[PDB]
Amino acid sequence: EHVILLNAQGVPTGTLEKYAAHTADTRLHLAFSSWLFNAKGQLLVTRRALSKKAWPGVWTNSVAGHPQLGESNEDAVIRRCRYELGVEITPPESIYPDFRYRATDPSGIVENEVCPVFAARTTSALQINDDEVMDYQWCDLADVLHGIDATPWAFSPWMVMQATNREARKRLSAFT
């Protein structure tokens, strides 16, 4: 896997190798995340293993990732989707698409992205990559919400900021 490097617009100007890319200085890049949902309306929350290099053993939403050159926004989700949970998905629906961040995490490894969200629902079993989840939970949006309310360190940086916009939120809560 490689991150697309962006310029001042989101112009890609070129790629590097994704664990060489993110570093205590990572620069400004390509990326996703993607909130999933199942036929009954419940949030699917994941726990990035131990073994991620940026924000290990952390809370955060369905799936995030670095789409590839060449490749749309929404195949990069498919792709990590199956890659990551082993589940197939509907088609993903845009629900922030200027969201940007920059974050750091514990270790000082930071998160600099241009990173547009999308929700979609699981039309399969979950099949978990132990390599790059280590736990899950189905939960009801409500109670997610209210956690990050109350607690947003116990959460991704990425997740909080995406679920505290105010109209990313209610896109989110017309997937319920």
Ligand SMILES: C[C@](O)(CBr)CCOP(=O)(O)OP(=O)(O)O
Contents of the next structure:
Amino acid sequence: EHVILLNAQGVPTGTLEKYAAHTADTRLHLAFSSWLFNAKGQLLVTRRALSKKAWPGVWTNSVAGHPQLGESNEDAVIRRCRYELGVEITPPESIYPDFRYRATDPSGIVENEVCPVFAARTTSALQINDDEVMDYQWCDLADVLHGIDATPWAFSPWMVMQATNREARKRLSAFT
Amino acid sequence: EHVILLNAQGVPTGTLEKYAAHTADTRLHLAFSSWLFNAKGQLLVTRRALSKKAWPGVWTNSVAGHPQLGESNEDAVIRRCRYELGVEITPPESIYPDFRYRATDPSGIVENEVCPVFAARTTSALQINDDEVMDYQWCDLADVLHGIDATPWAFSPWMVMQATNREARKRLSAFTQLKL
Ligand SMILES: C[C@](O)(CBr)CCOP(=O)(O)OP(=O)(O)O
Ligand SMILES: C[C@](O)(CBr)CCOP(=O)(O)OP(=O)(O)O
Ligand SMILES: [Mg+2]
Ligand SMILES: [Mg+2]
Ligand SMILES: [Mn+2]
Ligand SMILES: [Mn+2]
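Could the form solved in complex with the ligand be given as well, to go with the form deposited without the ligand?
Next comes the full complex, and the chain you just saw is listed first.
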């Protein structure tokens, strides 16, 4: 399992083992983020497990990850949905294709990514992988956005940045 | 360190080593919770360290702890402010003397407490203790309360419970005034 290093432009130039790649000096690599909603339109919010190298124990959107070499973004979502949440989904739809961001977590671990964002509906029940998720909540998107707007610090900076992009919010909202 | 055990009614009966007292079977003991505001009236919110036995990595109010034998509640507040946050404060005011709290954390660890709540002003700069606090923010109380109502599940349950108590909340509000 690896991450894909990107040069100044989004061109892959090689790979790194996933664990070894997230450091205090993380280099730009390829990733995804997705927001999941159930049949009713509830958003799934998850809390990262305390064993995650980056942002452990942090509340964030439904699922995020690292596409492997030759893997489509959409396949990557599907894979991590199965792996982290044991859940089936509908074809992921683009919500924020040009999201790119760098941030530092409270222990100094950095994420540095070209991270296209997706949305999908779940088609099965969750089956939680507690190596990845320690808690989660099904909730109204409206409420989630309010909490992000009032106390953004309570959420992953990654979730906050995506939810505050005007178009991404529209599309998440239109997603219901 | 230890905790002070309380019987079926809130009366002390002795002490228990602190680690050993916090389990899936935690017996009632004494605790405190305090909400701190800077001169500007902003509230300090903190994120519990990942190594805390109970609610690790969770966003919560300013400071909480366990009074020791011979120690007043208000002295315990002073001490943990100093220990956890490196910070000097004004005399703690009692804002919810009757708060009681029993709850299980994400891993099964139980807290079961008589936990009077306080408010105070910080009088010095912070010196965060990373063994106790992994993150923090200075915030407007209004914003914190709005976030708590919108996504209460993202915060420690004690913080939500205290902030939703009517009389306590009025006291937090009073501490948002700017003071010189
Ligand atoms: C964390 C992010 O920077 C927010 Br987009 C994306 C990476 O996902 P990740 O959860 O870190 O990856 P993984 O699921 O494999 O742990
Ligand atoms: C969390 C509480 O149930 C507040 Br209701 C009391 C425990 O605080 P604590 O910070 O965990 O205690 P300590 O600082 O002494 O370790
Ligand atoms: Mg992931
Ligand atoms: Mg404490
Ligand atoms: Mn990464
Ligand atoms: Mn306790």
